[PDB]
Structures are given as structure tokens and as C-alpha cells.
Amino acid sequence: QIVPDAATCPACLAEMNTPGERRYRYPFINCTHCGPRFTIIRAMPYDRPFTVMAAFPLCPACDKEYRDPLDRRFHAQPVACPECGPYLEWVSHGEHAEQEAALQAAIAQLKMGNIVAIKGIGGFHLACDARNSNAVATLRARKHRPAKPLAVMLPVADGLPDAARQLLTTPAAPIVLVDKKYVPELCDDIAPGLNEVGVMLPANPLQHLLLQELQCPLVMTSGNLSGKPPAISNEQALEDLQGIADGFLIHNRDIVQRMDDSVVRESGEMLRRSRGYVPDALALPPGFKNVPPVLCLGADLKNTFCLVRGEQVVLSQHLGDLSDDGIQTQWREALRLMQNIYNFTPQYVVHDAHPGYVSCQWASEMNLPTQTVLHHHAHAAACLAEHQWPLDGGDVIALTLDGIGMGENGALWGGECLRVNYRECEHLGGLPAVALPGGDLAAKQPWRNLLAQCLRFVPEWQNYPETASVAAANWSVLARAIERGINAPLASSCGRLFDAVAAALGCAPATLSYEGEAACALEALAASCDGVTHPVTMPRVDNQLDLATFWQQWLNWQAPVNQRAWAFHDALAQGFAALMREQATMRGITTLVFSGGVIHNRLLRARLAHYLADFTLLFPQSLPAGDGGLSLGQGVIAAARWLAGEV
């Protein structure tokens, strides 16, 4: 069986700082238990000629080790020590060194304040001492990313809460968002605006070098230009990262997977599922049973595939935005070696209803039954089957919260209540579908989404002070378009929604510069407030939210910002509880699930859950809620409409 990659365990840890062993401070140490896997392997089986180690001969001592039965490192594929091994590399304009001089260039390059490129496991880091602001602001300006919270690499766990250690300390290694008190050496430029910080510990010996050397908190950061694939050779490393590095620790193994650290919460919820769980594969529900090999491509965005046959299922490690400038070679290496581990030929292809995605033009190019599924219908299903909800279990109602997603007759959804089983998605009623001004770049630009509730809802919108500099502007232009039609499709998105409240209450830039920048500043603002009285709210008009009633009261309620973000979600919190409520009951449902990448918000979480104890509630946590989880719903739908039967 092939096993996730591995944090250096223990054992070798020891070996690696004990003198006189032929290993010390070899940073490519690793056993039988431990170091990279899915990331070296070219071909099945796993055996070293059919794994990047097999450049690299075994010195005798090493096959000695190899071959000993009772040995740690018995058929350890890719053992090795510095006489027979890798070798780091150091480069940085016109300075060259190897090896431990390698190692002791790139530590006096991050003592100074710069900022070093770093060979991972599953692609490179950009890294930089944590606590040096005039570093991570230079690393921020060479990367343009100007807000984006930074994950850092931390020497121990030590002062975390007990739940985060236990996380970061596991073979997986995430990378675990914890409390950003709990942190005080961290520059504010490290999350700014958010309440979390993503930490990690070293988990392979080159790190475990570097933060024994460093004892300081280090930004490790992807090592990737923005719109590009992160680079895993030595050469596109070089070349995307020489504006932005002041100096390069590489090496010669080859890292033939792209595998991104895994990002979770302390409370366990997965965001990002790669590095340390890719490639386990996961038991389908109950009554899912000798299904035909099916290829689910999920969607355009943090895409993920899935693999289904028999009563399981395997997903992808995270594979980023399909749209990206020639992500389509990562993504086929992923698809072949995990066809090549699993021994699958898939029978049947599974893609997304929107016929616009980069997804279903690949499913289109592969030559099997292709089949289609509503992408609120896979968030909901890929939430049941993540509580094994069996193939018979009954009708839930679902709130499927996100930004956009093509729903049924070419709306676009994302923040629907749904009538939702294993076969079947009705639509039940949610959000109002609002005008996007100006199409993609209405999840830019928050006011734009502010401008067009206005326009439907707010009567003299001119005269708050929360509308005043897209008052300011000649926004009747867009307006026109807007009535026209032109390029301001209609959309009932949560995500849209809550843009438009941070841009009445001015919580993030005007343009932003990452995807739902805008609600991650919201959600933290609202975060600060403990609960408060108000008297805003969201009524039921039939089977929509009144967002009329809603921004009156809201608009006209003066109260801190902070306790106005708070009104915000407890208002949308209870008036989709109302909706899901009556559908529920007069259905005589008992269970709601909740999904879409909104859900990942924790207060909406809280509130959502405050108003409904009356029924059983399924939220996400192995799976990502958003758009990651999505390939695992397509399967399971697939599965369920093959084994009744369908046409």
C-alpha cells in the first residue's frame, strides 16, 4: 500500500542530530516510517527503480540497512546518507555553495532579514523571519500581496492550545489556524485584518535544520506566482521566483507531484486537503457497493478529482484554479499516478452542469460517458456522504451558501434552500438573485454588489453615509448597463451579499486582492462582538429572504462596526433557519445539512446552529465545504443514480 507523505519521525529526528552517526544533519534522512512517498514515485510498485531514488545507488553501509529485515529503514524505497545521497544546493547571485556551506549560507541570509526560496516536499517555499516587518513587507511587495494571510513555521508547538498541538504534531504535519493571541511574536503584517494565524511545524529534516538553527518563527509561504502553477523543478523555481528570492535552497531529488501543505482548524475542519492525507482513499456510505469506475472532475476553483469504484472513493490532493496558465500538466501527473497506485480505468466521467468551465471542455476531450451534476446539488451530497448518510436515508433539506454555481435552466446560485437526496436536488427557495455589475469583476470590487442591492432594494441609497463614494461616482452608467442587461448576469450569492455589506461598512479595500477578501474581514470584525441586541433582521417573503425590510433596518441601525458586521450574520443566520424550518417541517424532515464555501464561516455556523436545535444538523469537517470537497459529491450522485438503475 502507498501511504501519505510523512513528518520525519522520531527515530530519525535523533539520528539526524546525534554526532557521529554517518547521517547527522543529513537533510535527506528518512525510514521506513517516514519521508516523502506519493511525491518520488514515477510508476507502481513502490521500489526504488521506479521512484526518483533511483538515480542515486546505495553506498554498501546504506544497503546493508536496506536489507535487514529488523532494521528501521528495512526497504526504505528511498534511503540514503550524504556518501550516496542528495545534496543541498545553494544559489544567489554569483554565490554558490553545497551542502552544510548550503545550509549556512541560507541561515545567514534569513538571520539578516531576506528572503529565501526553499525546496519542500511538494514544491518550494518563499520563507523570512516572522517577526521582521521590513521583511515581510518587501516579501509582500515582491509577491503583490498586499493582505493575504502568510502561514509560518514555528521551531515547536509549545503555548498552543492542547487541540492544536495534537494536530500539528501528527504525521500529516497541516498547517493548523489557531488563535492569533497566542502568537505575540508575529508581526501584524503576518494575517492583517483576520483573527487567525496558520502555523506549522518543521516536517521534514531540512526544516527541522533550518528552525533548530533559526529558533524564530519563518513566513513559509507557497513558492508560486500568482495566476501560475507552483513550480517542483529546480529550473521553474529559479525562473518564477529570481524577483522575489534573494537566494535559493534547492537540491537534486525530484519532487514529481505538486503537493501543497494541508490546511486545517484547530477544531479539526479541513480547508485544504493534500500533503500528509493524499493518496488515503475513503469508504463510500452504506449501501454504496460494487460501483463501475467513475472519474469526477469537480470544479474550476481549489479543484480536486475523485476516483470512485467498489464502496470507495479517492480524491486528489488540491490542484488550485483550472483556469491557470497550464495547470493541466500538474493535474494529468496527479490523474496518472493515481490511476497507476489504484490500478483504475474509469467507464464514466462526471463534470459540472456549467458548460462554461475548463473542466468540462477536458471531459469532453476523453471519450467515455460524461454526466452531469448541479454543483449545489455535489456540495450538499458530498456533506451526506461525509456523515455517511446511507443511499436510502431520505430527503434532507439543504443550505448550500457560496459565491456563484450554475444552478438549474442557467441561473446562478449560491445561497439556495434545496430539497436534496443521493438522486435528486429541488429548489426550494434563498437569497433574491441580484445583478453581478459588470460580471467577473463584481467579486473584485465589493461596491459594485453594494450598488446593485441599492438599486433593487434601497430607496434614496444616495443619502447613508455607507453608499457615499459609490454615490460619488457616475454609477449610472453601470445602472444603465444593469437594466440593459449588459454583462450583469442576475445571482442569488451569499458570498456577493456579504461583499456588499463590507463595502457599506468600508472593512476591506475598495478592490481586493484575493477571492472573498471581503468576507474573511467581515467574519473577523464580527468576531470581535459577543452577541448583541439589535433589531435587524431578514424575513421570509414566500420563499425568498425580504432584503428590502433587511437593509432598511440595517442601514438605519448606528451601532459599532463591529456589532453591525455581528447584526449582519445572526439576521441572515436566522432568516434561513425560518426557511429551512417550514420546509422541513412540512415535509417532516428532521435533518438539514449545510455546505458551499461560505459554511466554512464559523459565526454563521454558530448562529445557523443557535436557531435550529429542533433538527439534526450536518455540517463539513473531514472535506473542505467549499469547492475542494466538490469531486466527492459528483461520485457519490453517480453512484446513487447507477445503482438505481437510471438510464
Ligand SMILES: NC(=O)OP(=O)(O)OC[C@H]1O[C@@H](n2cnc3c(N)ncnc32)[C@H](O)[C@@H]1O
Second form
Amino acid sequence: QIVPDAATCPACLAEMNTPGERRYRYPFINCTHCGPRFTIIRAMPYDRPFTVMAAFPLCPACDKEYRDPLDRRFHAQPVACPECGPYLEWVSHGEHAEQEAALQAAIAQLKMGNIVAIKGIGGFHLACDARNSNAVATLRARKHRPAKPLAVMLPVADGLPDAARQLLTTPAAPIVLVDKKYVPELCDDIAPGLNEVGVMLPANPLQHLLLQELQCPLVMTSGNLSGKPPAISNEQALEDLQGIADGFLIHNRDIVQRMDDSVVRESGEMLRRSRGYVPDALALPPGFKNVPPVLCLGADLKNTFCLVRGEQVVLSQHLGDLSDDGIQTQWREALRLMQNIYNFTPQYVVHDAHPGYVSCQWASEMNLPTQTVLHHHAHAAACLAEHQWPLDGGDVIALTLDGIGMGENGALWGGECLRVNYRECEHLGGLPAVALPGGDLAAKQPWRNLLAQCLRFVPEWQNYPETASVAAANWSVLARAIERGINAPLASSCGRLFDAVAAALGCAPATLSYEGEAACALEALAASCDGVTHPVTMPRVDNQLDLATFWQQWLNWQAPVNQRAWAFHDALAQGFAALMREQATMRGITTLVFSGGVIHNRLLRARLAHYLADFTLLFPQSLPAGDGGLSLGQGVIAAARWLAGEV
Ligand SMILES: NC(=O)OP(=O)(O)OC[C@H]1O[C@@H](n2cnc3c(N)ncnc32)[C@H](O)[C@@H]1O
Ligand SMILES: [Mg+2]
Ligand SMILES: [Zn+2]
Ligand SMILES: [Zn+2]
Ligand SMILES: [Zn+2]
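Could the form solved in complex with the named molecule be given as well, to go with the form deposited without the named molecule?
Below, the chain from earlier opens the complete complex, with every other chain and molecule after it.
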């Protein structure tokens, strides 16, 4: 029974700070209670000969500790000291150092405002002084990441709320999203236009040495290139990061598994589940038992896979976007080790109903019986699973809010009201389906969605100040592609509705640099408002929200932009609450489920919980609301159809 990778413990930290200890200032100190696990194992059993540490025979001082039953390092599989262990190496445009001098060159570079690649437990990070405006602009410029927020490493948790401090200091040592007023020391280019910052504490010996020296916050972001899987070997770091890093702090212990930092909110809500949680298994809900081995391929974005057997499920670490160049290698190594750890051999494969997905191509290469699950059915089921809804617990009404998933009959869904149990998904209503002009471009340029909404719902849209940039363009070639159905598929996407509103308000750049950027900006804007009396609504017309009425009231209700953003969330929540109410009540349903990437929105949650106080409300918490949780939903639906003896 192997455990997730564990933050360095107090006792090892104390040993590493104590002059005259053999392991004094040694960056690879670990013991039976802490250190790398999943990231250093080649095969089972967990035993030094089958880890990355086979290469380093123990000196005798270490071997006496590893073998002594009453010793903290008894069978510490990756134990070492300066005599027999891995050592640090510094590489900078010509220059070379090792061990302690390697550490000092990295610190001197960080102190002068340079960017250093640092080798971690499960990848490589890029670091620099988080208070240094020039360093941070340079890092963003070199990595072409003009907006996306950067995680920051702090030396200690002092001054953070209690609930943050308590999460930050667990073995898992996650990034924890914290209000940015707690951390005034960070320059303004850390999370521009957002309200929260991701902070973490040192969790490995090398990070402790660095932060003990620097006594200041450090950007500590992933060592990759957009479109590329993160490097896990020295030469792939050297190759990948040379345009970016001014120097490299690497070492000669191999990483064999990609393992990103995990990311939670202070409230405990999981956004990314990797380092420190993988590979822990999860109990399935009551009634699921004797389930055959099922491999669930998850989603094409923010991918995780899932192994289902017996009365448990095991989720992989975050593996990213599956359409990326060589991401299949890492996926496949995670799958090998996971199957070796649990002695797992799949009898069935489950994957998404979208036939253009990479994951559905991989699934047909496996010579197993395969089955398909609707994207939004799976969202809803991951959420019921996580709240321990019983196999036979009854129907719920689900609100599934996201970007785009394939729905029934080739339709693109993302704002749906559903009747849901673990076997069935009936679509009840939701947003109107509205063109995505330019297909994939619709997610990158919010103004296209504003245009598609205006064309369908706003008479004389050209006359509103909020449509000015749109109207000054020759939008009418795009309007004709839309009429004729040329790369302008219909989608009831709630994510594309956020984008239309954000473009109307002008709160995002015209072209976006990351998925969801316009929606986060809109939500960060709405959250500075404490609530307003306003006349904006989204009425119900048969079983869909009436956006003609919404845009007419919204475009004609002048108010500060935060109050306009707040009013949008409120009308949307209210409008969905009215739909879910009619559907639940007239069927005798008393429990409501919410899932999909948009449900990560705090204001929209708070608003829906406000309108739906007459119901039991079920929201994601220990698993991501979005695509990170989808493999689990696939799993419980396949298990449930199986348990019912479905052919
Ligand atoms: N190539 C690539 O994907 O970059 P990456 O994955 O290293 O991005 C950092 C991750 O930390 C999270 N994160 C960090 N700071 C955040 C903030 N202020 N608000 C929301 N999410 C944040 C967020 O989920 C984000 O994906
Ligand atoms: Mg503070
Ligand atoms: Zn320890
Ligand atoms: Zn030794
Ligand atoms: Zn989704």
C-alpha cells in the first residue's frame, strides 16, 4: 500500500537545519514518513531496487539506519546522505557548479531578479522574485503568458486565514487560492484582474533551503511551454526552457511520473488533484460492489483517467489536454504504474460520446468492449458519487454548466437542465442553442459570441455602445457564414454566454490568452459588488431561458460595471432556479445537483443556493467541478448499467 508524495516532515527539516548532522543542508533528505513516492517508483513492490534509487548504493552509515527497526528511516526506500545520494547541479550559459555552490548560484540569480528553472518532485518549476515587477514581466514575456495567474511560494503561512494555513501545511502541500489582500507584498502582475492568489509553502528539502535563504515570495510556476507536456528529465528541461530560464538548478535523481502541484480553494474546494493525493483510492457509493475492472478515459481537456474495480475507484493525476504533442507518453506511463500498483487489468473501457475526441481514438486501439457516456451525464454523476448517492437513491434534477460537451444526437450542450440517475439522463431544457461563429475561434474571441447573441436576440444591436467594436468591423461576412451554417455550429453554452457579457462590458482583451479568461474576469468584477437592486431577468419560455428579454433589460440598465456583472449572475441563477423548480416539483424530486466547469463560479453558486433554499443542494467539493472529475462520472455510470444487468 503506497501513499501519495509527501511534503518533507518536521523531523527531517530539523535534521537538515542542524550543523554536524551528516544530512545537514542535504536537499534529498527523506524518511519513512515523507519524501517522493509515486514519482520515483518504476515497478512494484515498493522497494529500493525498483525505484529511481537503485543507481545510488547506500554508504554504510545510511544502510545501518535503513535496516534499524526503531529508526525514523527504517525502510525509507529513497533514503540517502551527501556521501551516497543525488547531488545538485547548476547550469548557466557557460557556468557550472555543484552541491552547495550550485545552490548559491541559484540564490544569487534569484536575488538579482533573474529566472531559474528548479527541478522538483514531479516536474520543473520556473522561479523568480514575486515582488519584482521587472522579473515578472520578463517571465510573462518569455513564456507568452500575458494574463494567466502565477502561483507563488511563500516561506511561512503567517498572516493567512486559519483554513488556508491548515491546508497549506498538510503532507499534500497544495497550492491554496487565497484573497489577494492577504499578500500585499506580491507585485500586481501576479494575478492581474483576479481577486485570489495561489500560494504554496516549501514542501521538499530543496524548496526549504531556497526559501530559508531568500526570505521572500517566489513565483513558482510550471516548467513548460503551452502546447507541450511538462519536462520531467533534465535534457527536456534544458531543451524546453532555454529561451526562458537564465540558469538551471537540476540534479541526478530521476523523476519517472509527471505530477503537477494540486490546487484547492481556502474553502477546501478542489480544482486540481495531483501531487499529494494521487494514488489514493476512493470508496464508491452504497450499492456499488463487485464491479469489474473498468478503465474510464475521462475528457480531452484537463484530463484524468479512472480505474474502477470492486467497491473503489482510483483517479490519475492531472494529465492536461490530450490533443497536445506527445502527452500520450505521460498518460501511458501513469496508466502503467497505476495498473501495476493496483494489479489492474481492464475488461471494459468507457469514454465520451463525442466521436472527434482524441480519447475515443485511443479507446478503439485497446481490444476491449467500449461504451460511451454523455459528457454532462458524467458531470452530474461525479457529483452524485462524491455526495455518496446510493445506487438506487432516486432521480435528481441536474444543472450542468460548462463550455461545450457533445449532447444527445450530435448537439453541443453546455447549459442544460436534466433528470439524472446513474443509468439515465433525460434533457429537460436550458439555454437556447446559439451559433459559435468561427467554431474554435468562438472560445478565443468573446466578441463573436456577443455578435451571435445580438444577431438572434437584439433588434438594432448596432446602436448600443456595448456593441461598438463589433459593429465597426465588417461583421456581415461572419453573419452570412452564420446564416448558412459554415463553421458556426449551434451550442447552448453557458461559458459562451459569460463571454458575450464580458465582451459587452469590455472587461477582457479582445483576443484571450487562455480558456475561461473572460468569465473569470467577469466574475472577479461581479464580486466587488455586494448586491444591487436591479431589473434584469431571464424569464422562462416553455423550457428555455428567454434571452431576448434578458438582453433588452441588461443593455438598457446603466450602472457601474461591477453592478452590471453582478446583475448578470443574479438573473442567470434566478432563471435556472425557476426552471429547476418547475421540473423538480412536478416530478416529486427534492434533491438538485450542480456540476460543470462554470459551477466553479462562487457568486453563481451563492446565488443559486439563495434561490433554491426549498431543495437539498448538491455541489462538487472534493473533486473538480469540471473535466478533472469526468472520469469518475463515466465510471459510476458504467458500473451502474453493469450492476443492473444491462446487455
Ligand atoms: N500550462 C499550464 O496549464 O499552466 P499551469 O497549469 O501552471 O497554471 C497554473 C494553475 O494553477 C491554478 N491557479 C493559480 N493561480 C490561480 C488564481 N489566482 N485563480 C485561479 N486559478 C489559479 C490554475 O488552475 C492553473 O491551471
Ligand atoms: Mg499577510
Ligand atoms: Zn521525514
Ligand atoms: Zn549515505
Ligand atoms: Zn465539461
